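Okay, so here's just one chain, in structure tokens, the form solved without the ligand.
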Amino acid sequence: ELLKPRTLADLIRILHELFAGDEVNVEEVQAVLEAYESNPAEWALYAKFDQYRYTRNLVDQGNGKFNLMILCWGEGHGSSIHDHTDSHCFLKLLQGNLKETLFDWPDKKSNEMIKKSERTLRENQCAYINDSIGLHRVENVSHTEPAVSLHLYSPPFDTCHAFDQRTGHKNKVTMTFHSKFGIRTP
């Protein structure tokens, strides 16, 4: 029975229960993420920014079924176009706005990937992506407001592919945590 999380802690407890089994219910997960009201005090600790690019901050390793991490996007910061390694990927805005651009999987040819769709994700909004849906690029296009987001991936994945918008070629990148449980990890 899905309850409203009062707090991040609560949220994380509910997530552990939802992931106790081995097959997830995406809707239910998205609904509890959406229902958590962003409270900066509760996650301030994980919101470590870098001047030059966005940072991944590990919050919870999830008894091995999922990662939960906070990302921090300075003004004009953005990701590349990427997939999610056959995993589920939820994303909640805790603060600010991100622009998400979805691409279709490139065909084997070398041509400019073309954007399926585009949308702004607002605070507390929770979005869901997986590889059957497509690839996406997330950016903070704001010139004045940093953005912070909450990301859940299940199962956890170390690496993903990044795509060249031009040719659609892809590289395996190994995602690195800026911090882990509130501790900076170079």
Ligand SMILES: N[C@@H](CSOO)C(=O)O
Second form
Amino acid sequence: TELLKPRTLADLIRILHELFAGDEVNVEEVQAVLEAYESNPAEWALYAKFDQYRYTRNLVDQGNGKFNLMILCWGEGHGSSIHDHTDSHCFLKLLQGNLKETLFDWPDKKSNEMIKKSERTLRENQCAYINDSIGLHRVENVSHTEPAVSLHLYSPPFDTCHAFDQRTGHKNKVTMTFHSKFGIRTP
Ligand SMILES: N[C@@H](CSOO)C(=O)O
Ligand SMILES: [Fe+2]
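Having seen the form solved without the ligand, can you show the form solved in complex with the ligand?
What follows is the whole complex; the chain from before opens it.
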């Protein structure tokens, strides 16, 4: 505070560095500033590198170690596993298109079908928030005709998580990778 409207992606990044200067996170403030940034495709084209077969993760800023800010690019029909967020805050702001978010409870030790809690459609410029205390989720671009682009902020940064088998609740550890960093493809 004061929380001012980010004028550009670069301005948003500057404001985020201020909000993450300390050791804690004001979730509502971070969400509000992410929401207030009006997506401008020209500002993030550099990062919007798609793959034909699955969604991509494109690192934008390393947050001076406090957070990772990245752009995810979802082709038509591309989605995630049901997954957690490794004891981190996770903000998801739509830059282009729409994504379906399905929420799930943490499974019990007992093998069982994971039934959805709820679902919603996240629309252009909206910012959602998740953490492990809230639950697990799947995120999907269910469109047949429109790619989706989202802006994700994780604090602290993390590069592993778990994917959950919808049929059993069984989890496995996954290492996350980056498709690009700072606009540069990182095979
Ligand atoms: N957590 C997923 C995206 S859905 O997360 O908000 C990822 O970073 O790949
Ligand atoms: Fe997620």
